[PDB]
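To begin, one chain is listed below as structure tokens, in the form deposited without the named molecule.
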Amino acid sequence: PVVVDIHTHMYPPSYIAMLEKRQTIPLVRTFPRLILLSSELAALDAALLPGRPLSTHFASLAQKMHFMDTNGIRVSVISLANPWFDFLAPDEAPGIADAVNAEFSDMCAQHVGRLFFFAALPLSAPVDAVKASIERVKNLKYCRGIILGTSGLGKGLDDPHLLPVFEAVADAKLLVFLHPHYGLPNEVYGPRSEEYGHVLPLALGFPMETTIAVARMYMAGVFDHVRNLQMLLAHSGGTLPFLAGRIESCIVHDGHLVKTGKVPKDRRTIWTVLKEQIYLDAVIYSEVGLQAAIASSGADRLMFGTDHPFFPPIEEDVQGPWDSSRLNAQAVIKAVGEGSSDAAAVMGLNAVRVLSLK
């Protein structure tokens, strides 16, 4: 069966030009260096070494195909990487989103049958412009969904003004790939965080941000309001499979919510949402986490990803197989067994079915 990577990124050339133009994070400059995160500010100021290196791996389509060929991946569903268009002024974002989504469509056309994309949306623009962009991207060749950050329009996913956006994407039958970026306020990592490289913001901040975003969305009733909405969660839902039971217990034991009628007997539990409206990527690095994800959403709702090109080997050949991909592939084998139907499903067949790649 076919191996599909649904969590894989590129920065197209026109997007790169935007980051070198910028004065504040997010930005790109030579010391090029990719400085995307708030946690990287202290290292940047000391260097004005900071952030992570900008490589050919972000920008080159040839490099993407080579990665796929050397890591046993047949199909990639590529997306613009964080932070997308969030920093752009409301009047300019639609035009830039258009140009970038056009570049992705054109890239996919270069390797017919091996490349599809999640489109990025001009979420700093008015809702009318966002809806216009949605209608445009659903008619671009090779587009198979939307990538969305946790901040939504700027006030998170429980923002009432975002509901028409959710409705529009759902009605268009576009899968929403939710992806972190803002992490947690750097103060939580304490006065020694610089000593630990990027480990705390990447290993903890990102998945925690995703969990909080989805929990807010769930608590605000978004999934009930937009019943046809389907969402794919980055990094196996962040921590959601592990905390789902705790969330449920805290809800049913919340005095205020129960007494104010927010916990009716017929409420759809987070477990139900996890099985009905949520897909999970398998970017989790261990069969321990992966088994929890499978138990939460079902093996028919888990999808292999690599997070290419963010985790290259540090000492091994960057042109050879990547450990950061192998770890996830091995997690699948260890959890459900090599050659099994579950393995085939997670490794690509689920994505083929859900994204109509067949």
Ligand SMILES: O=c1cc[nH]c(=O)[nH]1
Given for the second form:
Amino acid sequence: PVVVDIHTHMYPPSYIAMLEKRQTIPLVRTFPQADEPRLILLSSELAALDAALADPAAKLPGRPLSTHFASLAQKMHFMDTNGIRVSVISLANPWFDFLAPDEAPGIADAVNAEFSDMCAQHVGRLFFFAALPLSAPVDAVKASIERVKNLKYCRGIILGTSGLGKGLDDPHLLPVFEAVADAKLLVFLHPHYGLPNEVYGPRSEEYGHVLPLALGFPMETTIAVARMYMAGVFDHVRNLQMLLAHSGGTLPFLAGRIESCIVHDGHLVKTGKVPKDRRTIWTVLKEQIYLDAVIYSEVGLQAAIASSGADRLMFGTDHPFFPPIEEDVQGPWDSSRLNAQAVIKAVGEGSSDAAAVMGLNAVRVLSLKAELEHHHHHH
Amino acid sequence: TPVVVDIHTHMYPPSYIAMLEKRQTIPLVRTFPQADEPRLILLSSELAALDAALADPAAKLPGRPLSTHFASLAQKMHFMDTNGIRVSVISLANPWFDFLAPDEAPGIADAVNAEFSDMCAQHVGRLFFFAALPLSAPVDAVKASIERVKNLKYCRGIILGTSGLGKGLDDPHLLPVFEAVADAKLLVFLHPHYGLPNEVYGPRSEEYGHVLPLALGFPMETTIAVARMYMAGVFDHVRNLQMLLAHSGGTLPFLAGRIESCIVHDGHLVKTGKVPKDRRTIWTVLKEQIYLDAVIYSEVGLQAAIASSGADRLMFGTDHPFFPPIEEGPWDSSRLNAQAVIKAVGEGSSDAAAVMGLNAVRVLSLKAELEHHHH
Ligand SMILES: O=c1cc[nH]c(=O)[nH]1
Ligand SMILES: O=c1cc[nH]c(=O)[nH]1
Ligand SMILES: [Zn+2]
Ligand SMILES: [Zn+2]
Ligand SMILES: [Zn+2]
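Moving from the form deposited without the named molecule, what structure would you give for the form deposited with the named molecule bound?
Now the full complex is given, and it begins with the chain already shown.
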């Protein structure tokens, strides 16, 4: 059975161009010590950036801009060495959120075209989620949607939790959700903004990137989806299908708590917001939500499976964000293996559930089957 | 026949309520002319709703109803009898003594803790308590308080929030407080209150009532605070420390794998010696120093909690009286957790008996026929 990675990223070289053109986060800079640039994407990296700008003895800010971000060859090598047959690549955070409304559409258009072209270089092994110019007007976002649905190898949309600027429960965003759903594009929801840095306290710099990445990201996703659900987006756009990064952040773990808090909320109940025919978060989880398996443990994975069903979980690696630190970056990646291992421990090696999670769900849901059969036969 | 114990259950004694009535800023209790019960306004997220109500006498009532259940011991015993609970380990609810001025704090904490002990004396064998600490006072006053509460009949631990002395639980100044409590063999019950900065919920947050702050803010705050403790080495520096985490650890069982992966892949941590081979993993800490309550409302979350800490380290709770039925006996907020246990481990199993009470009996030495706390 085929192995598909649905959570895996690239920054096209032209996108990288923009990042070193930038004076504020997100940005890429080169520092005296290493000829390997620094990728500075997150609010949490700001304090260390200012410290490294005013002090050469201070630690390097952000993360290393490796060749694994921009090189298609590196991507294919990674896939070969980790037993991945197919990747559905996507532009990584922060996408186009920082662009002015007038320029975003044209930049998104070019970058999406680049991804299509990259996928064409290895027919049958590469597909992509397109990024949208969500800092631009809604009409431009719709036009961009119509365009990407007709790009070769596009199998959905990646979007962040800020939406148009006011999150995913913004009613102005409803027509974007409708446009994407009607175009039968899967929506891959992905974190970036995390939580305000103050929540991590005054010693946060001592803990590296662990708190914003281990906690901020999945909590952001949970909050964004909970907001969507509460505003009734899933009911208003019944054909919408969303894939959630990091097994829904914390959603499978908190779904019961969310439900109990809703049914026990005085204000909601007494103002008619909790009717008897109400679709529960569990229903939405079985009907409109898919979860990636980037969860690193059979503990989280089993919760995700129990929440959405084994036919709705999809393997991913988050390549290239977690390289081995002291092991060979050209060898197998622990960050990939940990997830595959979680799958095996949870549902058993060789099982049909394993096959489903590791690739077959993605094949079915993203309609990769005809491409795959062709390739295996004709290629 | 086995004992059902509720370890997550609150009260505000009348004296404590009087203090809240007199306050001008949150936390406060405030009566409105159109309301039968006073309003309990505890959270940052309720601020905006409070101002709107202070001006416009037609805007919605702020905060939550301050029902009699908060102060009534008789209603506590009634809740227990009608929900099949033999034993409650009651605790002062958030925000405890966090808001008290430093000089007044130790005296008030001493009095309130003494009242809790006395309340437990009214129903011998059925009531124990977690004591709260005067954490706004200097650390030596806090230690003196710990030394007092250990001698109190029926006291079986300490409840505290995530702000510590004012800088969170990874604050090195807080370390001797953890040491003293652990040496006294008091279980620390970590509980949320501060939540998340309200901007994270967006401009439509008011429309969803309390759902986001309570369903997400609370457990997320718990996760962040404990993760900070772990990263700061608190669990290694205080090896005898035992902690009970509210709401099954918040999200920790679901995120433990992710935390470990982020650690081992952290370039800065690994390259500065902070990720040695002899590292005690979060998984190890979850099996050795962490207990989880079963206030999780689903067998899905409960199964993840059990897999993380073991069935011998999960404890039933209700969060009484914060989630009363709106329209209507036995509370759903209690029954949902019971049903989660039955569904996860099977009715009448020894796993069910453990989680429903026997773990708490063992860990908290819940035998009122003795004077001491049998470790
Ligand atoms: O997708 C990812 C993963 C880790 N860190 C990021 O900034 N983005
Ligand atoms: O313990 C609790 C539970 C719900 N809401 C609160 O403010 N405190
Ligand atoms: Zn990612
Ligand atoms: Zn062909
Ligand atoms: Zn509580």
